[PDB]
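One chain comes next, on its own, written out as structure tokens in the form deposited without this ligand.
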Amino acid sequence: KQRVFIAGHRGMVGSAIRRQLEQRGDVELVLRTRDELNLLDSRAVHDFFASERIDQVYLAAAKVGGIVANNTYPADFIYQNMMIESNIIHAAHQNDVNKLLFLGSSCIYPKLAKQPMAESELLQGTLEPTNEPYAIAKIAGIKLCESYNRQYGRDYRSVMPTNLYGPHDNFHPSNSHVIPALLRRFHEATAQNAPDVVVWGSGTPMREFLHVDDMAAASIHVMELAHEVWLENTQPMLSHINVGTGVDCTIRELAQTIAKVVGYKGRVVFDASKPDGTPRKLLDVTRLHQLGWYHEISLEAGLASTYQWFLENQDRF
């Protein structure tokens, strides 16, 4: 019986992975809360790996946030993510944990990358200023994995998800991510019977979204693949795997779909006097598809279930 440690099991991705592994008896979960185990503490992390008998590690713990948070606390974002990555990855190796899955982010890609973005786009150009500190920490996480694989013959894999959404997301008013921000605004506009909802921009830019449960499924899939199969579809120094739908849709289509899901009858208005971001941004998921994994949750379906979750948990935001 495989003993699995999911670091950061209370976060959005961590909890999604936990939900799916809990639904099988060939796995026994070892979980620690931030209060029980301080991930920034090297000694604490090493002590934990020495005391427990871990077979696999899902490194889902991270200091994440929106546009405001990343620009307001840059030092906390780079430092904490670097320490969490280093502590877990090194302690794991020191205690013979051969399997590990590192969950990265989509922010690691160059601001002006070629679309769709293949894995080889990594480090090909300058990063988005807003995400620079966080992105550098994530890239260092991937390179730590590759370096331990090369030097010690470890099996430390990594996956880079596109924009995620789903239950346990940050629905607070402070969150800048488009899906939870719009679900919240359309909900209140519907409740207050507001004539319209104005969204900044033209609505033309294209984005890719993946439900967190599909993310968890792909993660576990990649983690459980045969080592020879994984090696065959990656390179030692270009080992990460993009996880997404490969399907893009305009912000206009997204907003309009959220309005429908929530039952909003007012008007959705795009203020084109405000600037748009990059025109298009999506991942090339060829590598993932060749590994035999395809997403199941469609946008409309994922937004409907996510909204349902928000309804039963709104007294938390």
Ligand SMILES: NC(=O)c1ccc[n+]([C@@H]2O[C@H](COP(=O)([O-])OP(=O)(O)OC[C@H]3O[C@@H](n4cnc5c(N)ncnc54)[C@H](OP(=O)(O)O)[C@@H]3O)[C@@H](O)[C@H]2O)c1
Second form
Protein chains: 2
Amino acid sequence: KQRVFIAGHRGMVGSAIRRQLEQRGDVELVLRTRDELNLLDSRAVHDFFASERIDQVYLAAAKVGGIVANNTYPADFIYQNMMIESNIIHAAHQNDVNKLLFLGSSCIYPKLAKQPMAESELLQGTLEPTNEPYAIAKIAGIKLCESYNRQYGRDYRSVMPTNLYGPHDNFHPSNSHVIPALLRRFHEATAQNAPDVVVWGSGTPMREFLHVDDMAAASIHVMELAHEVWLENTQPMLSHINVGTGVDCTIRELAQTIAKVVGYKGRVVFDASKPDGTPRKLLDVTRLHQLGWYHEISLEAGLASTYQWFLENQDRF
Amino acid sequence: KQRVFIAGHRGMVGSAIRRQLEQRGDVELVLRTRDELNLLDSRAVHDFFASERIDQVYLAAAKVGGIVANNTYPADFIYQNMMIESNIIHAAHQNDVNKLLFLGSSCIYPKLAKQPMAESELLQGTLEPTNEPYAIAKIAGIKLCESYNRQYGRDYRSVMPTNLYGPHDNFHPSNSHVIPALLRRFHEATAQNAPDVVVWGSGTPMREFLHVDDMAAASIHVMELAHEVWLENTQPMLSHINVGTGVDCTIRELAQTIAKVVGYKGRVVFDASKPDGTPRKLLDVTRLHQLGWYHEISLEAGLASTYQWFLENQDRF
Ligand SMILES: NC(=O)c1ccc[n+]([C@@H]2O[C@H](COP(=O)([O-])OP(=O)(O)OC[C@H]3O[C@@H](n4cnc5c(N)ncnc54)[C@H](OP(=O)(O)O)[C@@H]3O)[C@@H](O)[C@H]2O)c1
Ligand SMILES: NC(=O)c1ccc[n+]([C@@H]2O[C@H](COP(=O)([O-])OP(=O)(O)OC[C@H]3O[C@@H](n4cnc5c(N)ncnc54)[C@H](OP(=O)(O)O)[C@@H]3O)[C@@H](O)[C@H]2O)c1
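Structure of the form solved in complex with this ligand, please, following the form deposited without this ligand?
Next comes the full complex, this chain leading.
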């Protein structure tokens, strides 16, 4: 029976992986809350890895935030993520954990990358300023993995997810991520019966979204793939695998779909006097598809179920 | 032997007309798929009308969609429908086709029209924003007909159907039309044995529904009526004829009837915290009834047969 440590099991992605691994007895979960184990503490982390018998590690712990947070607390974002990665990856190796899955991020790719973005797009150009500190910490995490794989013959894999959404997301008004922000706004506009909802921009830019449950499934899939199969579809110094749908949709389509899901009857209005971001941003998921994994949750279905979760848990935001 | 061209013969309404005209040898059908004839291409359309010997035309081709589609692709909806109408109607005239039937839509009437909506309700007030582009294209199609009738002495008739349902409807999860959306939801809720099915709104608004086969019958009836009889019951600049049942029923009654048809045993729940649309929306079918046509398919019977079709074709959605 495999003993799996899911770091950051309370977070959005961490909890999703947990929900799925809990539904099978060939795995035994070892979980620690931030109060039980502070991942920033090296000694604490090494002690934990020395005391427990861990077979696999899902590194889903991180200091995550929106546009305001990343620009307001840059030092916290680069430092905490660098330490959490270093502590876990080093401790795992020191205590013979051979399997580990590192979760990166799509905001790690160059601002002006070629679309759709293949894995080789990594380090090909300057990063988006807002995400720079966080992005550097994440890239360093991938290279730590590749470096341990090379030097010690470890099996530390990594996946790069696209924009995620689903239960346990930050539905707070402070969150800048489009899906949870719009679900919230359309929910209130519907409740207060507002004549319209104004969204900044033209609505023409194209984005990609993946439901967190699909994300968890793909993660477990990549983690459990045969080592020979994984080596065959990656390179030692370009080992990360993009995880997404490969399908993009306009912000207009997204907003209009959310309006429908929520039962909003007013008008959705795009204020084109405000600037748009990059015209298009989506991942090339060829590598993942060749590894035999395809997403199951469509946008409409995922938004409807996420809204349902939001309804049962709104007294938390 | 009459040579009839049914444009858009693969669509819901188009195929219904075809099923009925196929069941009679006094008519010979000329059909072209989108790959055989792109209706947006003027030259292609005029060439087709020049090469074939068409006696009648049923203009059932259109760019149709739900709430999300109409608000997401407004330009495609107004443009494609305007071109398809213009191309066909002009080509028909240029090549001496004297008989043509144009299929409009109920969403063409003013948002705040008087109920039941008589034909004279056309252009009496502002349109529902969601349907505005599509509605303008459709109204332009009716006026093209009236204009050719007036200037060239043509016999281009038009019918305005109410909400339609039946086989070949879009049963996809993306579809916002109430009947196919509810048949699908109740089907899955019944299969997964869900305790309840929540529907947005109070369930009190009243809507009218017509089975597509009745629609096809009425269309053929109006098309084949004697010219003197048609002129007698219409006006040159108010020539369209409403096609529907003239009977309305609440959303509550509709949902409850679908639940029964599907064999659902759970509870149907209306969430009244979500807004309703207009309280009532149905057509005045006096003109059609005076022309001697009455619908044959009742709601329960039509839903049962449509569900039956859905069951045999579910591996398409
Ligand atoms: N577009 C994208 O590429 C994208 C989008 C979403 C997520 N992701 C990936 O998923 C990762 C996780 O994101 P998420 O949305 O699941 O965030 P989240 O909900 O904040 O998860 C982070 C978890 O880590 C825990 N944690 C942080 N610092 C800790 C510490 N010092 N000791 C112990 N636990 C600590 C947090 O616990 P507390 O909150 O209890 O402190 C939290 O439960 C990201 O870093 C990213 O790589 C990528
Ligand atoms: N409530 C209402 O008032 C109501 C409700 C339903 C229908 N209707 C009326 O019925 C009309 C048809 O509706 P429907 O439900 O039958 O839609 P549908 O199933 O989408 O039928 C449209 C057909 O037109 C074809 N088509 C579209 N563009 C074409 C092109 N450029 N070249 C060749 N073929 C083209 C489509 O073929 P492909 O899909 O193969 O491209 C499709 O088979 C509507 O426009 C409306 O006037 C009214």
